[PDB]
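Starting from the structure of chain i, add chains h, o, p and j where the hints point.
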Amino acid sequence: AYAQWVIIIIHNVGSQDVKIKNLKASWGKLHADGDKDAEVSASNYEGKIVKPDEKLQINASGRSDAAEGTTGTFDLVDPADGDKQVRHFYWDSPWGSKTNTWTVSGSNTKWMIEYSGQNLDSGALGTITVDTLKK
Amino acid sequence: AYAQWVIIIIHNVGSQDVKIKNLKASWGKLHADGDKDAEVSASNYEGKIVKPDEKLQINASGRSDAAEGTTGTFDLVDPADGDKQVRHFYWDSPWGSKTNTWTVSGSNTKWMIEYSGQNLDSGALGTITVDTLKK
Amino acid sequence: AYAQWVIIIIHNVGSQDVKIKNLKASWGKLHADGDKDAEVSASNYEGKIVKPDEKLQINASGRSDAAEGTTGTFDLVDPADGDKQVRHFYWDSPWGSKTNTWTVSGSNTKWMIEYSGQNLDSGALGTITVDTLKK
Amino acid sequence: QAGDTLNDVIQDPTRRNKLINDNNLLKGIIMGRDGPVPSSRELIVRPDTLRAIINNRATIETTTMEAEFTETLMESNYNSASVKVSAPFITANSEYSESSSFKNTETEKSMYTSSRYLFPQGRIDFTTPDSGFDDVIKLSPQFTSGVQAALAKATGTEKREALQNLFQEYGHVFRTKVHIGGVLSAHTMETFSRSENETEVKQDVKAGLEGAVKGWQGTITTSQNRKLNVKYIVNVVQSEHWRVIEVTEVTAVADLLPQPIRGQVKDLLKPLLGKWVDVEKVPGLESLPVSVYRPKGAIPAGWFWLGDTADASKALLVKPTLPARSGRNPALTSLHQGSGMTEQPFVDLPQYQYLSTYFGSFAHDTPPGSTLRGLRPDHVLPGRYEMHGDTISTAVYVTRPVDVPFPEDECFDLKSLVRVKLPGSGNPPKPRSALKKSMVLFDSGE
Amino acid sequence: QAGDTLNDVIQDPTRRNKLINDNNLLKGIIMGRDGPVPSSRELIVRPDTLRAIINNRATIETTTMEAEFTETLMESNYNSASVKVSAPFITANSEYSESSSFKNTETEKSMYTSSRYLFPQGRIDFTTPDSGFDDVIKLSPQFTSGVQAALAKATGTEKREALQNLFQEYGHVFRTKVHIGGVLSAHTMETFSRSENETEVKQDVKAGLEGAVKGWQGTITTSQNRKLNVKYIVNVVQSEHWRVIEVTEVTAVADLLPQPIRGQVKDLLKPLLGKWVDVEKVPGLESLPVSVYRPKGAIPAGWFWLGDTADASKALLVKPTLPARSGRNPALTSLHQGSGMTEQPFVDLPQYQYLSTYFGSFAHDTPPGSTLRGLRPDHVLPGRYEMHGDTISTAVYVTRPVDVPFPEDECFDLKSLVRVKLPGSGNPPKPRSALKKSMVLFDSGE
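Chains as they are written, first to last, in the entry's author numbering: chain i, 2 to 136; chain h, 2 to 136; chain o, 2 to 136; chain p, 50 to 265, 277 to 297, 314 to 522; chain j, 50 to 265, 277 to 297, 314 to 522.
It is worth saying that the hints were derived from the structure and are not from the lab. Note that CB positions come from ideal geometry on N, CA and C, so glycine has one too. Hints may be right or wrong, so weigh each one.
A few chain h residues that don't get close to chain o, going by computed Cβ distances all over 12 Å [to be verified]:
1) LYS30
2) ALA33
3) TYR46
4) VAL51
5) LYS56
6) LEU57
7) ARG64
8) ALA81
9) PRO95
10) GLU115
11) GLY118
12) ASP132
The list that follows gives simulated cross-link-like pairs (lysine to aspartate or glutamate, EDC-like), each with its CA atoms no further than 20 Å apart [claimed, not checked]:
13) j:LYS291 <-> p:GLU110
14) o:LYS85 <-> p:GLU155
15) h:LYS30 <-> h:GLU47
16) i:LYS20 <-> j:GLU245
17) o:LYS136 <-> p:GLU259
18) j:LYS506 <-> j:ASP519
19) j:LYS342 <-> j:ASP331
20) i:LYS22 <-> j:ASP331
21) p:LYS133 <-> j:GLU147
22) j:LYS351 <-> j:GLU155
23) h:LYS49 <-> h:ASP79
24) i:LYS52 <-> j:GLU155
25) o:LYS85 <-> h:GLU115
26) i:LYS49 <-> j:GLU245
27) j:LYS152 <-> p:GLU249
28) j:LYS152 <-> p:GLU247
29) p:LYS251 <-> p:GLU120
30) i:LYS52 <-> o:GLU115
31) j:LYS287 <-> p:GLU249
32) j:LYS395 <-> j:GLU245
Excised from the complex, chain i in its bound form:
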């Protein structure tokens, strides 16, 4: 269902590249900005490099009227350190349960990640801006 949706804005505030990996939408579908009908494939973002000062948008939302919500995962990795994992992001905006979920895990210490804008009480998960930097 379209009422459940999420937008993720990866903003590489640092000066070194960060790569997307293992992007996977377990529920719902990805789509192009401003058009939930225009479904897009995970390969459109898999392996993408976010150059410094660049912004990358990932839009996910429920399918057409289905009772399912949306859920997905991905990983930020460091291309300059043998693709060493920077962080693992899990997002879940369910249709049945009211409470949403946005979890960032990982222990890479030479990186600073700051996410803001999520809603966890009810409704859509919302827009989440994730500023990434490498010390």
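Same frame as chain i, now just chains h, o, p and j:
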């Protein structure tokens, strides 16, 4: 209902003060951060000055499990020139429709205003970040 | 039905090119000026560059006697800035509902867009002139 | 003879004189309508020796130029500095015309490319008087006497006419550093949208042209499927066949004169006489964000103004210095009413430009329209826009000069006004030009 | 003649003089906008003999360089030491421009590669005065008199102008060790991400270029499918055709002078005059982890500052030594307000850099913005960042010099401040540069 919600972040990316005025929610209620139960009056924000290089957050949402969305307005006004208008913002996240509204009207060539993160297709209105800069 | 129709006149009053993109008529049909029978394809306008001082006409209307109205979308983008979105235009002249709709969204700040001539009460949406300029 | 170099050629007096004569090393370049052709009159005195270096590295070099009227200079293999020095004369004496293949609009950009396959033998240098060394070149007594006679005339107009004739006869610049040897040159021009990557268009064109000159086909296809028309020049065939293959430095002929005469010649060669006059506010036009000003009162007879300005202090009047003559580009052009659905003026001559849009109805038969003029393309440089107004229907641009560190490229800050949206249709292209300071002479008693 | 070597050529006075003249062994290299071209004026006195060694091993050698403006030096076959010595002059006199194919960002790295197929005959060496041996080279009386006249001028500006002209005429460096013979050279440039294995990119490029020079195609495909553009130079054709094929050592022309004059010349050639002034804390900005300091009071007329610093003790003011002139790169550049959605400044000239981000709103028309300047690319060296603050929104970098053992490469420790996250968008690239100590002259009475 709480499913209808909006977060408006005013981010001053310039070096001149900007004031919030005439904040009014015709439908719904202003509330606290991450707490849709803690209602707050518009007086907490009306007349406030968002200093350069810091953000002010306005959270609006519909009545709990009600058949009501959230609609409101506010003017961003330059105090350096006798509280003239920068821009007039109107937001509407209705409960009985799919098309949300986010209009930034008004004209002031001395100010530059960008905004992003809104969702007008269906569901909640999202977290709209508005960057303001006086040039 | 032919009684529901719209004309869009993009006029690049500025001095730098603006490109059409994602033109799509969800309802009704496009057609050549002065002949609602002469249907035309969206490819006739997709990706077109409006050079400065040039005018481009988009004519849409309902099909032959069908109870459908017309509805469509497109995007103005900047060819000189990596096709960065300038604006998103949505038009809807329904057959059932009396009220029409003409919505312009987006936040590109180095562009000025001014639209005029729409009718929203009843009948056809009318002719809308959209003057575009790049600061 | 085998193994002989420029050193041997210079050591032998006969061979050295043959080289000087066959390469026209004592003559200036006329920079006229036909291009940089050497004059047939000796400018300097024959030296007793030449300064030379030996260099025998054969290779392909490529150069690119953005100026408009430098096609012939690029074909003559002038480096960037020489092209920059010679551009004013070439532009001034060129033949302007519409339908020019060169495009320099705000949306597309045109460039010239040249690839030279060189077999060099060395480089010959001359000492300019400004250098200050003891072996300076000495101007011929005939040229010095001609300059004196030109400057001794009764009236300023006669002096300017004499100077113009003298420079048309003896040249405008002198080649101070010239490479000797042989060269196969291939030249082309390319126009491309400004949005495209310039450092990829240049690389593709360079690769195509370099491949073309290595093989030696009038037409070439590049990697990007760009279609290029190539002009080939052969200057290769023994020390008797050595010719100039490249010009590394040129000095204006005027600069070679002693300072007191050089100052007078430079002042007399300025196309326009300038004057500052009071201004008056144009009635009406209260909708526009800024006031419009035009020269107050009646323009003095023989003087002209350049357009409306936002400056509330003064306006610049200009007067031509040389009478109009056939085969010579006038410094200014009259303007004519537009064809239809526009009150704006159009330049009478092909490639001239005016600085401000007309705020009103232009009638060339009545003042102040009859005194409005354009400028030759060499008189102006691109400026920058400062925007005023809140809506397109009433917005205007004020043209400010682009600040530069070198005074030679300074432009007048006339604050020319340009309407953002001209009502009607079929309007002339928007002007974004500023007048050059070096083209105007002030405080003269003329 | 068959079996003749450099020993025979040097033994015969005629052949030795022919070699010296044809190879320009008595002349310095001008290191100018056109590259390392030899001057046409003799710098040293003609020796009565030459020091030479015989070497006839023909083989292919490859060299790589990371410096930016050393393309022409690599094309002229300067080894690493010579390129290092000559880089300051080439950079200073180069023609900067955007769209440069060279990239040296923090994410990618660009390098030049050159493969020389050499057929050598030997090596010729000269004795510099610093060596201390009895056969030192003797500077020409003309050059010595020119230096004396330059240093005898009334004012420091005139002295510097005279020295600049003298060095532009006589050269900047002198080749002390040169190899003789023939050479076929192939040169290219390659850009690659810093993440890639450098010792595999280098090996692949070397293999491709070496294969190219063996069989001798303007374009090459390497094993890694890398596409390279190759420039070919031919310097091979009997002892009469021997030419310089490689430069193993060069010495700055200034270093050849006697010590008392050398010190004065080196001091006078410093582009900037430096000064230490008091500092004041910038009002506001209490959110940032560290205080920001700017020069206190009004900047003295004609002086400029370089940016905000975290040092609470003093600030460095700089003043140009040479007046701005056409065809000469200014030591400093003005800054202009950004296009949109940013209050940061941008360098007016293509490849200049400033050291600190502006903490506030930059207005070039009012102080202290009107006195903020950038630096020529040869004035700065990369530094290192020391991070302060706990969050991205407020973090800053303090630029510290990279410690080096050689004083020649020391850089000022100005503690330049760089905001980690600049609000808005379209901001200028983050500066990570430090000023060179050798580029500033202190305690002068100027």
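The hints, checked one at a time:
With a least CB separation of 26 Å from chain o, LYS30 of chain h remains clear of the 12 Å interface cut-off, as annotated. Chain o leaves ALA33 of chain h outside its interface by the beta-carbon criterion, the shortest separation being 27 Å against a cut-off of 12 Å. Every beta carbon of chain o lies more than 12 Å from that of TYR46 of chain h, the smallest distance being close to 22 Å; the non-interface claim holds. The Cβ of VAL51 of chain h sits about 18 Å from the closest Cβ of chain o, beyond the 12 Å cut-off, so the non-interface label holds.
A cut-off of 12 Å between C-beta atoms confirms that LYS56 of chain h is not in contact with chain o; the least separation is 17 Å. Non-interface status of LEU57 of chain h relative to chain o is upheld: no Cβ of that chain comes within 12 Å, the nearest being about 19 Å off. Listed as a non-interface residue, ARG64 of chain h keeps its Cβ farther than 12 Å from every Cβ of chain o; the least gap is roughly 27 Å. At roughly 20 Å, the least C-beta separation between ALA81 of chain h and chain o is larger than 12 Å, which holds for a residue marked as non-interface.
Taking the minimum C-beta to C-beta distance to chain o, about 15 Å, the non-interface status of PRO95 of chain h holds against the 12 Å cut. Consistency note on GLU115 of chain h: stated as away from chain o, yet its beta-carbon is not over 12 Å from all of that chain's, at 5 Å minimum. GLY118 of chain h, annotated as away from the interface, has a beta carbon of chain o within 12 Å; the closest lies near 10 Å. For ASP132 of chain h, the non-interface assignment is contradicted: its Cβ lies about 9 Å from the closest Cβ of chain o, within the 12 Å cut-off.
The hinted pair formed by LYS291 of chain j and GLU110 of chain p meets the criterion: a straight-line CA distance of about 9 Å does not exceed 20 Å. Between the alpha carbons of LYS85 of chain o and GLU155 of chain p the distance comes to roughly 19 Å, so the proposed pair stays at or under 20 Å and holds. Taking the CA atoms of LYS30 of chain h and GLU47 of chain h, the gap is near 14 Å; set against the 20 Å cutoff, the hint holds. Restraint check for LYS20 of chain i and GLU245 of chain j: satisfied, since their Cα atoms lie roughly 15 Å apart, inside the 20 Å limit.
The straight-line distance between the Cα atoms of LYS136 of chain o and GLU259 of chain p is roughly 40 Å, outside the 20 Å bound, and the hint therefore fails. With a CA separation close to 32 Å, the supplied pair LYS506 of chain j and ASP519 of chain j exceeds the 20 Å bound. In summary, the hint linking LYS342 of chain j to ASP331 of chain j is supported, as the alpha carbons are separated by about 9 Å, within the 20 Å threshold. Taking the CA atoms of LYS22 of chain i and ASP331 of chain j, the gap is near 57 Å; set against the 20 Å cutoff, the hint is violated.
Between the alpha carbons of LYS133 of chain p and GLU147 of chain j the distance comes to roughly 19 Å, so the proposed pair stays at or under 20 Å and holds. Distance hint between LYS351 of chain j and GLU155 of chain j is unfulfilled; the C-alpha atoms sit about 32 Å from each other, more than 20 Å. With a C-alpha separation of about 12 Å, the suggested pairing of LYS49 of chain h with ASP79 of chain h holds against the 20 Å cut-off. Annotation: proposed proximity of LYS52 of chain i to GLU155 of chain j holds, straight-line Cα distance about 11 Å (limit 20 Å).
Using a Cα cut-off of 20 Å, the hinted pair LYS85 of chain o and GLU115 of chain h holds, with the two alpha carbons roughly 14 Å apart. In summary, the hint linking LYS49 of chain i to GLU245 of chain j is supported, as the alpha carbons are separated by about 17 Å, within the 20 Å threshold. At roughly 14 Å between alpha-carbon atoms, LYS152 of chain j and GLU249 of chain p fall within 20 Å of each other, so this suggested pair holds. Our distance criterion of 20 Å between C-alpha atoms is met by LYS152 of chain j and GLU247 of chain p, whose separation comes to about 15 Å.
Taking the CA atoms of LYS251 of chain p and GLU120 of chain p, the gap is about 17 Å. The hint holds against a cut of 20 Å. For the hint pairing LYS52 of chain i with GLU115 of chain o, the CA-to-CA distance comes to about 34 Å; that exceeds 20 Å, so the pair is violated. Of the pairs offered as hints, the one joining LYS287 of chain j and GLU249 of chain p holds, with about 14 Å between alpha carbons and a cut-off of 20 Å not exceeded. Our distance criterion of 20 Å between C-alpha atoms is broken by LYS395 of chain j and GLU245 of chain j, whose separation comes to about 42 Å.
Hint compliance for this structure: hints 10, 11, 12, 17, 18, 20, 22, 30, 32 are not met, and every other hint is.
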